[PDB]
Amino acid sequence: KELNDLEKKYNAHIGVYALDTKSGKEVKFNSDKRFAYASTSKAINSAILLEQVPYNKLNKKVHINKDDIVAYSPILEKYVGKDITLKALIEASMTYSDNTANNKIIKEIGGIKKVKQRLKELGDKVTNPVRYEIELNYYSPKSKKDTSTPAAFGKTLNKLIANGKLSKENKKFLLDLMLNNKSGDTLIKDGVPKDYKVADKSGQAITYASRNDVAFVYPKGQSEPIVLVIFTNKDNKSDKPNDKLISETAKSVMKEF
């Protein structure tokens, strides 16, 4: 199905970047247009931390206090005045989209500044982390804060995870969380053939029906993943998104591989 047609149909804006890491083939569609990445950035903060902490050291503990807590922290809110391992922080951020877990992960890396530094080293000059959760969700089409483009984001994911510096164990670990997340079943996972394995992290900003999914898709009989970034938004601040957009975009895109 044409991507223009899905835009028309859903009255939405679609940004896609897909890369078959076996061949290098790319599918692009508004791949240089900026979009709020929302929670799909949990995948990137989680990988950046895993580049600096070996799997056997994930049992290291960090103290959580009252000041750490931000809205929507299903797991971390039970940890006030307690310590958690780095392993459980990543589990909480990835499976439950715990916002306190993500912020603490950022602090462990060293703060946004350091996250930004790492993106520049990978050659990503586009992804622009500015705020922590939850303010990073207050997207404004007139501001570059906390946005990236489908292209810049997907290249970064490729470089961090599909072909980066993680150990095999840290890679399995992060990918298992993405494979088992149920929050992304109506998204890319809903659109690909049943043959395909899907490791994703979804996201949703507060404004402009900003609705996203990023994934490592493994087609039947292929061990190298296809990296797939799908960002979408609408013209109005109070618009509600339709997950089917993403299911339908994934389905179309998969047709080229």
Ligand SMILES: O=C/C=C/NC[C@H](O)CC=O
Contents of the next structure:
There are 2 protein chains.
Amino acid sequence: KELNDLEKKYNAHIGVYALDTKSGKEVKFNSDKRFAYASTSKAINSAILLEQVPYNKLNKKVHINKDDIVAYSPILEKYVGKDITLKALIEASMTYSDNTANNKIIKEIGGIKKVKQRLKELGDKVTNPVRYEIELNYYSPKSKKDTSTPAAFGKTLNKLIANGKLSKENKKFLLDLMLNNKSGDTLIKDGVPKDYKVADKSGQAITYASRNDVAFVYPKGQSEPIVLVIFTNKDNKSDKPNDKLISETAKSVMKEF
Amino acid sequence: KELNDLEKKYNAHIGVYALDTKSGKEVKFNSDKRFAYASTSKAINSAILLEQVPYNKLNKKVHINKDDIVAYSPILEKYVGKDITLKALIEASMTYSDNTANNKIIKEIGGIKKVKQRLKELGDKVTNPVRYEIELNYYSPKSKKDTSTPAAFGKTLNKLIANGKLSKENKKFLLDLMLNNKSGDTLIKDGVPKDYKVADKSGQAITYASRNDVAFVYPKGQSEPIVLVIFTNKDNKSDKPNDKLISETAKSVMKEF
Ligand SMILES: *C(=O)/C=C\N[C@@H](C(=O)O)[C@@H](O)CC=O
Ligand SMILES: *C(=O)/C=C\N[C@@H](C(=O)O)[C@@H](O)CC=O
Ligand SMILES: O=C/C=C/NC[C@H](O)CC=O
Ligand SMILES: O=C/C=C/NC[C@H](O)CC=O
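Would you mind giving the form deposited with the named molecule bound, to go alongside the form deposited without the named molecule above?
Below is the whole assembly, all chains and molecules, this chain first.
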């Protein structure tokens, strides 16, 4: 339905970028307006590591101490003084949105500067990672940090993942995780036609009801995915989000393909 | 290695019950001593629902309100005022150890009395569920509540799941979740031979460093599983656990098969 009355109905701000990878058709809406990506970003870092270490070599183990640990690390919280593979870091970041995992992933990639570096290669001028977890999810309308526009985010997802340089194996490992993740069932997955396949990574910033869902959406009987970025936020710092907002946005946009 | 020097080395209390379903061979240790099962119990309730609703009918939706919500419900915490299927309740309980999910599952089964009822049918005289989440994980050496012995727990897992009445579909849905769960990689999975398959559900009570791992373990090249229950605890209320304890217990016990 109209995104505008979604915005009215929900009293929210919608940012949408959809790309049909088969056809190259796009559906934009508030497309160049900046929003906090929060955890959606875990998919990018993940893919960036994935490019740099073959599947066979994800068994590689890294050491975690107490200094490594940040909030909301359901998986990694138990690894103080132990090793975890690259494989399990990604699993934890992707399925559980594990904040230490993400941090260690950026670290393995070579830090934020390395991410910044990749982005630019991708011709991603907008995505602006500045902080580490959990501060990278601390949205303020007044700051550009850890923001992107649905378009820049979307273009990058396309370039890294869908039409990227990943190996069969690495591409499959990453997409499966995004496909199996039950974490965002109330988001895009909730709004698409019944026999569609959704490989997403959701996110939520602490403030302004910042709620997001990013996905590779496979139409019932379609191999190439539709890249879908939906960012949402609201007026007040303490506003809570309505996930049904994203579900209904997804529902509408999908109509156009 | 010897469980006794595991116990010395870790200054912990070990409770082990292993059953080779092929052969019927058991490995017991402090087998009839009671421990808090905590989240391991999510597997039982899950299986109990699974017996009662065909796979095709897990799409069945149930309504969650705010009254339903308990602590540490990473999935269900977002469902206030919405419906979730039976399928996704189980997914959330199993993969994320989702406390509201578990609660709603027991509720769908018909409550604790119904669980108590099933147990007895199973000839499970010991497992003593008394509370709901999150209190069912509040261990005290002095209370029997939400306790079982590695044997009674183990026997029941065998009877419900391994050698149970589940359908192909329901049995596969449940085992896959336990197999895909990266949550207990530092436990049993950490101690078994490299090419073994482990379908577990881990748990941890608030006190006495109560740490557990329950699994269906498939020897590299073996179809029938070994049922493995490892319960561990320590002397002081505020003791924290060493997961490596379970990994090394698993490592040892597996030697015998
Ligand atoms: C990240 O910005 C927001 C949420 N990540 C979530 C997810 O992917 O499920 C999450 O559950 C972790 C805490 O919100
Ligand atoms: C239950 O008694 C203890 C832990 N459940 C965990 C699991 O299965 O991963 C968990 O992560 C939830 C909070 O400890
Ligand atoms: O969007 C991704 C969120 C991931 N981790 C949970 C938090 O960071 C808690 C709020 O800061
Ligand atoms: O063992 C399973 C634990 C599951 N949920 C987390 C808690 O209950 C937190 C401690 O009470």
